[PDB]
Each structure stands twice: as C-alpha cells, then as structure tokens.
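With the hints as constraints, model all of the structure from the sequences given.
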Amino acid sequence: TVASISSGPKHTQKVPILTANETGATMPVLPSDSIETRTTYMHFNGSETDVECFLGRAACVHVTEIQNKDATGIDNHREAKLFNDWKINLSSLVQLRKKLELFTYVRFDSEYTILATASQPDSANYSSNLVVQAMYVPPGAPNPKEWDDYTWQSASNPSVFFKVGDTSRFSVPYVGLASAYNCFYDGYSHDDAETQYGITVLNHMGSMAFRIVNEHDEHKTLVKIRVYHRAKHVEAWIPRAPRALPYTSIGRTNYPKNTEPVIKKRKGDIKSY
Amino acid sequence: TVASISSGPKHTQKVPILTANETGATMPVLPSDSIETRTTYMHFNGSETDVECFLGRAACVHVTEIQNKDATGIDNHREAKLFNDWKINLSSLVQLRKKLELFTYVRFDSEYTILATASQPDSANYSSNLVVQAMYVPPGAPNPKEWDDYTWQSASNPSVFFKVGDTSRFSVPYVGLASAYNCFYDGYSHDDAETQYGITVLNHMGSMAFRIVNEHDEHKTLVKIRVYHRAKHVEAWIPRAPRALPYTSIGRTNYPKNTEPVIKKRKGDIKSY
Amino acid sequence: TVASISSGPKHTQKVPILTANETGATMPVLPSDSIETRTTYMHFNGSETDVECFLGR
Amino acid sequence: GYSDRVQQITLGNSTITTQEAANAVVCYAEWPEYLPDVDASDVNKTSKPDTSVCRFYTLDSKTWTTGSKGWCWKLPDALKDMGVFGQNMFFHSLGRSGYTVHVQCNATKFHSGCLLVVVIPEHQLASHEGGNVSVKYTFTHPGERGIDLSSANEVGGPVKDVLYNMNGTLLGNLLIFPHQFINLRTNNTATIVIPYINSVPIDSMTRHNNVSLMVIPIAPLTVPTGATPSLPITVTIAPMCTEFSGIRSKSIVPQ
Amino acid sequence: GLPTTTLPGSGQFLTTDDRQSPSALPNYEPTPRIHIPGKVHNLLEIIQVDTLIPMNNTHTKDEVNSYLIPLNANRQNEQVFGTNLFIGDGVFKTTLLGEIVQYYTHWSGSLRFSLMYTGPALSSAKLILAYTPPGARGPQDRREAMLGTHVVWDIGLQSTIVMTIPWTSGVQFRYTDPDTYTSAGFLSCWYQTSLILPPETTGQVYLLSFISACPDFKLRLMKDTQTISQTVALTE
Amino acid sequence: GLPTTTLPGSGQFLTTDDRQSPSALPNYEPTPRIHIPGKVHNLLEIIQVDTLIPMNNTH
Amino acid sequence: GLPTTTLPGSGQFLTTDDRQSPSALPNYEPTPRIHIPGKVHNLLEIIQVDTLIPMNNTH
Amino acid sequence: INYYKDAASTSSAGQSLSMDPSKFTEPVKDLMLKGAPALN
Amino acid sequence: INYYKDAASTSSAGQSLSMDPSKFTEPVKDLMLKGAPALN
Amino acid sequence: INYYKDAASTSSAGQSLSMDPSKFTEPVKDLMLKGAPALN
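Chains as they are written, first to last, in the deposited numbering: chain 1, 17 to 289; chain 1', 17 to 289; chain 1'', 17 to 73; chain 2, 8 to 262; chain 3, 1 to 236; chain 3', 1 to 59; chain 3'', 1 to 59; chain 4, 29 to 68; chain 4', 29 to 68; chain 4'', 29 to 68. A prime marks a further copy of an entry chain.
Misleading hints may appear alongside valid ones.
[What the hints assert, rightly or not] When the alpha-carbon atoms are kept at most 25 Å apart in a straight line, the in silico BS3-like pairs for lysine-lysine are as follows:
id, chain 1, residue 1, chain 2, residue 2
1, 2, 52, 4'', 62
2, 3', 39, 4', 51
3, 3, 126, 1', 26
4, 1, 97, 1, 179
5, 3, 61, 1', 273
6, 1, 161, 1', 280
7, 4', 33, 4, 33
8, 2, 52, 1'', 30
9, 1', 179, 1, 179
10, 4', 33, 1, 30
What the hints contain is simulated information worked out from the structure, not anything from laboratory work.
Put into structure tokens, the structure is as follows:
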C-alpha cells in the first residue's frame, strides 16, 4: 500500500485544495495535492484501532465489599455487608464509560472476571479460606434477604462459587432487550409528567449478588470484590463528540455546576507558539 | 420461519375464532385470524425452554454439617456430628422441587458437585487442612457407626476424598428401579391399613455419608457440606399444574393449615385496570 | 436377547424338572419348563459383575 | 349428517348413545393398547378376559345441588367390585388396564351450570393435617362411592378443599390434564379414553391407583324458576384392553 | 510432560456450565425405558394449553368464584371486566402461563384470551372484547374501547370466543416482571347490546375465561420464580 | 491421565489476553440485529471527519 | 504453553474412577501365565451352581 | 471427545428440537378443523 | 478450537478490516469531485 | 491413548464378555440332556 505517491510541480485550473466546508463534507485532501512528494508505503494496517480491539480489554467496572462475621443479632444482613448486590452498569467508573460513549448504540457479549481479596484489619490468628458465591439475579427473581436465604439455592439462576484470592470468569451473551444497548436515550418510560428522563431499561444488563459461603470464625474478615468487564464481538453505531466535562451520575449526561474551563488558555497571544 | 403471515380484510362464512372449549381442545388461533397482519419472522428457536436446559443447571439440594473434634469419650459419633449421612432427595429445598414437580415421571443422570467450607467459630491458632470422605451407601450396605468404623474402608462402595474448601464432582447414572422416577405416587407399599401413603422407593436415589478423615487438632473445626445436583440426559412425561401452596414435608403433597390466599386480591373492582 | 420365550401347555413324556442332584450337576431349568411364559427380553449384559469390575475399585 | 354431537360406544355387551356430546378426549392422544413384549418384564403369560371385563359399569349416581363442591373417584378402585373385573383384580398379583369414562348430566335449555370432568395421572392426595401426616388407605380407596369434596375432614383422610385439587395446586390449572367440560347449554356428557400410564409395565391393582377421575361444578347449577334445585350426575366407566397376570390366592385388603 | 498455563476462572464452580465427569457407578446398567404417553420436550409445548384465569379476583380468600366473571341481564353500554396485561402478575400470575413466564426474564409473542359462555341456552348476548395497545389509558367507556383491537362476540351455539392479543411492540421483548417502558396494554370487555334471559329464568350468568400463548411466543433468560420460597429445609 | 507441567504465569489475569469462557446463560437467544445507519469499524474512520479547533484560546 | 482451565473435582480421589498411572517398576517382566482349570469371569457364572439352604433354621 | 467410558458421564443432551403440543392442546378423538364449526 | 457450545463464549472477534469513512466524511447528496469547484 | 510405557499402567480391563458356567454347573463326564432321564 502506498502512503504517498510521487507528485511533481502543478500549474493547473484544477485546484483540489479550495473547497466549501459549508457542505458538511471533509474532502479527502493529501500531501501530494499541495507539495511535491516521493513514494512511501504504509507498512501498517490499523489493526489496533478496530472497535473490537478498542473495547476488547478488561476494565474495572465495580468494586464492592462484603464481610464474614457472626450474623447473630444482625437485623439487616444487607446493611451489615453480610452480603451485597450490584445492578450491572458500565457507567459508574469513568474510564470505560468515556470509551463506550464515543458511540450511541453498542452491541457485544461480556466476559466478566471477578477478583476477590481478603483483608483482616484487626488482630486475627490467621487468614481463613473463604469461598465467595456470585449469583446473577435477573429482574423478577426473588432477591436475597439474609446471607443464607432460600434464594441462594439458585436453582434456576446462574451462580459461580470461587475462593477469595482467586478469580472467577464466565461470559454472558448480549442480554439487551433491543438490537443494541442505548448509550444514550432522549426519552422516558412513558408519557408521565414526573417520570425519570434518560435512564432506561434499554441498557439493563442484569444484576449480581455476592456473599461468603463460610460461617464465621472468631475474627472478622473483609472481602473486597472487583468486577472487570471485557466486550467481545463488538458492534458500534453512530459516533458522537467525546465527553468533555466530568460525570455526576450513572445514566444522565449531567455535568457539575461551576465546573472549570476545559479548554487550556494560552500563556500568551493567539500569535504565540 | 414466519412468526406472522400477511393477512387482509375477511368477510367469510368460515369463522376460526368461534369454538367450543367444552371439547377439551385449545384451538390454534393466531393474530392473523382476527386482525390484518404483515409478515414477520421468528428469529428464535426455543432452545432455552428445552426440558434438558430447564432441569440441567446445578441446584443446591442439601446442606449438612460435620465437625472435627476429639471423639474421646463421645458415646454417639453420629450425634456429635463426628460424621453424618443424608438419604438423597430432590424435594427438601423447594426451588428445584417445584421445577421437577411440573412433571409426573422424570428420568435423568445426576451430576453432583459437593462444596465443603470450614468455620472456626472459637479461637484457633490456625485453619487446619481437612480432607472430607463422602461415601455413597446404597440400601443394604453396613452404615457407619463411628467416624472410623470398618465401613469407611468402603471396599465395594464408591467414595470420593476431597479437601475442605475444594469441591468434588462425579456423576451417577439413573439409579431408579422403574423406567422413570415417580414425582408423585398415589399408592402404598402394600395393602396395609396403616402403611405410609405417597412416599415411595420409586424415587429412591441412594444415600451418602460424610466424615473428616483427619484426626483432631487442638481446636474444633466446623465443616459445612453443600450438595448441588444437575440433571443431564433428561426425559419428562405428563405435565401437571404448578405447585401453588407451600410445602411441609419431603414426599407428601400436604400443604400447611390456615395458609394464605395465593391469588392476589384486586385493589378495586373486577372493572379495575 | 430373550430372557424368556413364549411357552404353552405341555403333556409330555419328556420331564425337564425331574433330575438327580447326586450327579453334581445344576441342570439349567427355566421358568418356561414348568409354567406357561410369554416372550420378554433381557435388556442387560452383566457388565458390573465382571470380575474386573468386582475387584477393580 | 354425522355430528360431533351424537355418538355410540359399544364395548362388550353394553352400549351407550349420546345425542349431545362435545367430541371426546383421548388422553395424550393415545388409545389404550396391550402390553408389548419389548416392554414386558414378568415372564408370566397374561390373562385377557376380553368382553367379560371390557364392558360398561355404571357407578351409583350423584346429586348436583347448588352447594356441591365436586366428587373424586380413583381407578381401578371405583371398579373393585364390578362383576368379573373386580374378581380378576383381587385374584391376580398384577393387572393393567385403560378405560372409557362417560360422565352424564342432562337438564333443559333454561338451566345453567358447567362441570369440569378431568383425569389426573398419579393424583397423590394431601393430608388436611399438614406436616407429614399420611392419608390412610381406606381414605384413598373409597370404592364406587368415591370421595365427596363437600363431606367433612375425617382423621387419616385427605383434605377436600377444591381451589387446591386436594394437593397444593390451583383448580384453574387442572386444564393441563386431559379434560372436557359439561356446560348444560352445550353438552350433556363428557367422554375421555384413558390409555394405561405408569412408570412400570404392569403394577398391583390394589396398592396403587393410577388415575383419579374428578367431576367439579365450576359455574354453579342454576335451575329455572320453581324448578327443583338439583340434577343427578351419573358416571359409567369401562375397562378396556385389560390384562391380569400372576394368579393365585386372592388379596385381602384393609377394611 | 506437556507445558500448560492455567487461566483466570480455574477451579471455579459455575452452576450452569456443562462438562463431563467420572461415573461413580462404573458399568451399571439402567432399567430399560418402557413407553409412557405424555412426553414433554419444551416448556413452549405446554404454555399453549389454555387454563382458567381467576379474573374475578375481588374476593378475600381463594374461592372457585374468582374464576367466574358475572354478567347482568338487561344492562346496556356498560363494562364487564378490565385488567392490565402484566402476564407475570395480578390475575395472570397463578395461571400455567403466568406460572411459567415467571421462570424467564423476557417474553415476546401473541396471547390467546378466550371466554366460554355458561348462561341458559335460551338466552342471548353480544359482548365486545377490546385490547388497548401500550400508550393509552385503560379505556373508560366502549367508545374509547372500540377504537383499538376488538371482537364483537355473538353468544350462540358455539360457546367460546378466542380473542388474540397480537404482539404490538416497539422493543422486541418485554420483561415478565411488570415494567413500564416494557408494558403491554389493557384488556376490557363491555356489553355490545346486552344479555337477555328467557322467561322463567333469573339472576346472574357467568363467563369462564382462559389464557394460553400463541405459537408466536418466545421466553428467554431463565431465572428463579418469586412464586415459591422456604425458611427451613423440609424433612421426611 | 495425560502428564502436564504448568509454566510461570499460570493463574495470572492479564486484562488484555483473549480466551474462551463458559457462558453463564447456556442456550439463550439474543435479540435479532436490525439495520441502523452509521456503523463505525475503526477509530481511523472517524478521525478523518474534521472538527473545529478552539484556536483563539486566549479567553 | 497451552492455556487450560481446571474444573470442579480437580484433585479429588474417587475410589471408582479408572485411569492410567506411572508404573513404579519400569520394565519389569511378570511371570508367564501357565494354564489353571477353573477361571471365573462373571459372578453371574457362579450363582448358577446350586448350594444347600439351611431351611431348618430352628436350631 | 468423551474422556470417560460410561454414558452417564457425558455432558448435557442437545435440544430435543422435538416440539409437538398437539398431545396436550388437541387430544380430541374426531379431528377439529379451525374455521369449521366446533359442534356440527 | 472452540471448547464451548455457545457463541458468546468464543474469544474476541478479528479485524473488521472494513473501513469506509465516507458515511462520515462525505455524506453529501450530490457527489463532490476533488479538484472540481465545490460550488458551481 | 496410553501415556505410559508399561502395561501395568493402563486402566482397567474391559468386560470379559466370556461367561460359561458349564465348568461349574455341569462338570459331568457323560453329558446330561434336560428332559431325558437323569439316571438311565
């Protein structure tokens, strides 16, 4: 492939460099339309800019935490972090979010990796070996109420059991209700006067509940869960302007008030170098 | 495959929507018999509603517990949870049970996964590493009496040894005596006036005994066993009405007295939306 | 493989059920030598009684 | 001029005619047939009394009134005493059978009411006590009398609550079982052909019933003005393709 | 010895994975299968059988009576019943259809709603059933109702009427657990002319109503049902 | 049983590796794709569209 | 290095499984078999020989 | 590839792709045609 | 070699090697030739 | 596939499928036919 062809002096009536940008086109002008060039080859394919590659590496999408401790006398397991749920999202930690929102609709399978590490912040004789249970709870399933409910039987709901310190990995097909996930949605769920704007089920990817299977030892053990997400089989439509201001909320476009100028001011003139 | 064909106005003597339900049939009426439709395709196969898929994921079927402790002076190992048996069942935890009882007779191979985790509720210097032994004890075999009987030699009886914290997995062929397992049985074992009703060997799947192989350390260690069961190679006959009331017993259909209305009462009229 | 063949009434001079055990043999008598039977198949091979299986765990 | 409506069933030495039928149901779309060799296990030749057992027995009649809750019969129990069918039953170790069930209830074009006639394979009943109380033998072997769902709880008997099918499932879903309605305005009989359904090729006829026939009023009986407020319901049932095997001494059963 | 590397996920137990395992009972021979009528292969086979809907939900304890929709003689213009179409909740919820839908997260497809009339044979009636697609409110009078999917039913010799709720939807799947964006409409029924009883007859007549799914239907993404739970393991 | 040896790196999680995984939802059927104008395949496709430069940065 | 994943059950010992193992005595030559009357192959062969029943159990 | 000798040890079965609701939805003895009158 | 049955479980996809910026860079209704005048 | 060199290291043997009870059930010198008299 040639990156530049050889081209010499020109004295024409045919001027490729004068255009009318009002038309909305970006005319494909090249170095050889306005200087004299020599042949050179590309030596490159643009492999690593493919959208499959761009969205295809694992990104941290969620960090939560649960603890193993005596539940005796706990009136609210959920509240003691005896167990914890997470409604899956890709817009809570901003790194991956800005990447996805370069597109309007996106379609892909997900590969999840879940790393779990334990901490024992206060005096323990040892490090126990805990098994985590991660249950995938689709909308309409009974939700766990205690850390050892009938729910955890999970007879119809996919669940994975792995050890703290290890990693669990499985992949979920594209679960969207429509043909693509909406990265944006300028609508409501119905014509209600007060219903929420922008947040939609069109994006919904399920939800996940974590708990330790082990009963309690004498000390307490903090287990912190990190969920990583990798898109595989990516398809993206309609590019948009990149995110400039900071994010404030999952699912709305809102930016913070009295934010700071995002364009760097010159130290000098327009004329400055 | 078409999900709907195109159909237009009708003014006939041939009315597919008038039927006589007294006959016991559900006549196969479609949208296109009563409105004007356009062609649309199915795009779907009904893969995930196959009975193999429906009964084919692991469900928790049993949680038991045994402990490793000094048996010195214990007059009844079984009673100290020095070891423990389980007569295999699929009707003790209700999630999987309701699923199976959608059918009258069911035939399948079982794949068991056994997760074992340890707990040390009171002061230990460390976490020991225990090996569990799970013995499959078919009816007629000597049953363990102490946690270290000749029984555990298990020279003819399949047994698996795995480590606490790990998982054991093996699969047992369909061990039923008849051609299928009866999910229901309106009979007795003989014409006795007082014999039990409903519970039958027709369902019997063996039985399993667990123990720790390790002798005792200075502290005590609680090991809690969870048995998961996955049906593979499923065959199901005669669908029945789903279970509406709560369950009270393994193997009987009995529901609790002064149970609550299972049909949700309207907040409003018959006419309400 | 048939487990039992069909067999009907008998009024013979040929009695397979009378033997002399003093000989040391176990004569291969079947249900169909003394009652009327219907055909049935074995559906079974005797796999799990092979000595390799019996001593092999 | 054949209508779905008029029918004749002749079985043995007995015939039934209905001039107001609503087709007939054949459970699971299968018609009763004898036991094939490929499916056989017991080596015994079986006995097939044919026409002496495969005829129509009419059980004693019931009375539908505005307060009726529904009735339940078990098979082969209901026939345990009918003619030679019954003798064969007590005298062989094993037996097998399919049936034609014909439920009858006629009224006039001013009455309203609708019965559900359903056959439930393996209808294991529940104890009204809850827990794991069993349902004694006698209670699940009412004989030709059947069980009257509007009778009182008894001790060792089953629960008789209709919205729960006597087992913890809702009346509304009984329609997944082969069934037919008798709607006075349409229908006057219900006919169901039952093939033999079991997990073994042949079984005991006394320790295990393999279907319960259930007739349940759903739209209450409403008679014309100053009419007598009730109608009789009659059940006639015929064993079909019956086979008995393992003859001997004659079973003795509780009560 | 062949060199290997183990990946993330090694040793995990995923209840939904499908792999081979050693048999604990090597060489065992299972009982032969015999023939049994009634084999089920897909849950899609059974949700096409219709079952009764307790439409008359207005009672206070479960009763046979909540299956009966009453009809009044001589009323004109008025409304017989109304319900939204959240098949996973409300009237639908205990029906076989409702009961199976609850094992899955998403559904799509047409529904078949039929009404069987049980009044005396010498009576007569004309009813209108209307399906209102998502976007409008439950109709408030027949005029409103008749502008959407509807069938004038003429009560005759043929006792049942089968109305189809054709799949009307932007999004190709809806949630089985009730959700707004994903909502399916309303179903109402009104007198078209009116029920008329013959002489010597009196009182209310009832309609029975059934629901089953068209062959159109799709259910996906299995999950656990809210319809069953427990607090301690059962025993024998 | 086939003899194996595990190499350095076993058990590591590299966010950039690309391997197979079990599907948590065996047999599930995704929604059909419909046509949507605008598909992007390479970031190289979009950086050829011109956009305005805030050249007058002096504010 | 070929990528692998280990499944549930790894490391378990099931007394009934049947796999290959290294021989501790590589290259050893067993004694030749000679003929011996009486070989049994199935327990089904022997349960067809009749034996006496202590029917008179009353002692 | 099966690594094991017994059939019980193989993975899940593969979709019936059988599907025939008529044993449940139309178990009537005389065939009913949609469009023809239910009761003649 | 796929070891798994479902398509979601396969590794990353492989390069589009599609690449056609004209839907974005030249969505004009009447075709513009470089070198010819923009507005005639 | 055997991974090992020695025969002892291979898995269990496979069913004789030999089966001949006559060495045990009928070791008589002169052949006895069922149905013919035992002692002539």
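Now the hints, each set against the structure:
For the hint pairing residue 52 (chain 2) with residue 62 (chain 4''), the CA-to-CA distance comes to about 23 Å; that is within 25 Å, so the pair holds. The hinted pair formed by residue 39 (chain 3') and residue 51 (chain 4') meets the criterion: a straight-line CA distance of about 9 Å does not exceed 25 Å. Between residue 126 (chain 3) and residue 26 (chain 1') the CA atoms are separated by roughly 20 Å; this keeps the pair inside 25 Å, and the hint holds. A C-alpha spacing of about 18 Å is found between residue 97 (chain 1) and residue 179 (chain 1), which places the hinted pair at or below 25 Å, so the restraint holds.
Of the supplied pair hints, the one linking residue 61 (chain 3) and residue 273 (chain 1') holds, its CA atoms being roughly 13 Å apart against a limit of 25 Å. Between residue 161 (chain 1) and residue 280 (chain 1'), the direct Cα distance comes to roughly 22 Å. Compliance with the 25 Å bound is thereby established for this hinted pair. Simply put, residue 33 (chain 4') and residue 33 (chain 4) have alpha-carbon atoms about 22 Å apart, close enough for the 25 Å limit, and the pair holds. Between residue 52 (chain 2) and residue 30 (chain 1''), the direct Cα distance comes to roughly 22 Å. Compliance with the 25 Å bound is thereby established for this hinted pair.
For the hint linking residue 179 (chain 1') to residue 179 (chain 1), the alpha-carbon distance of about 13 Å falls within 25 Å, and the restraint holds. With a CA separation close to 59 Å, the supplied pair residue 33 (chain 4') and residue 30 (chain 1) exceeds the 25 Å bound.
The structure does not agree with numbered hint 10 stated previously, though it agrees with all others.
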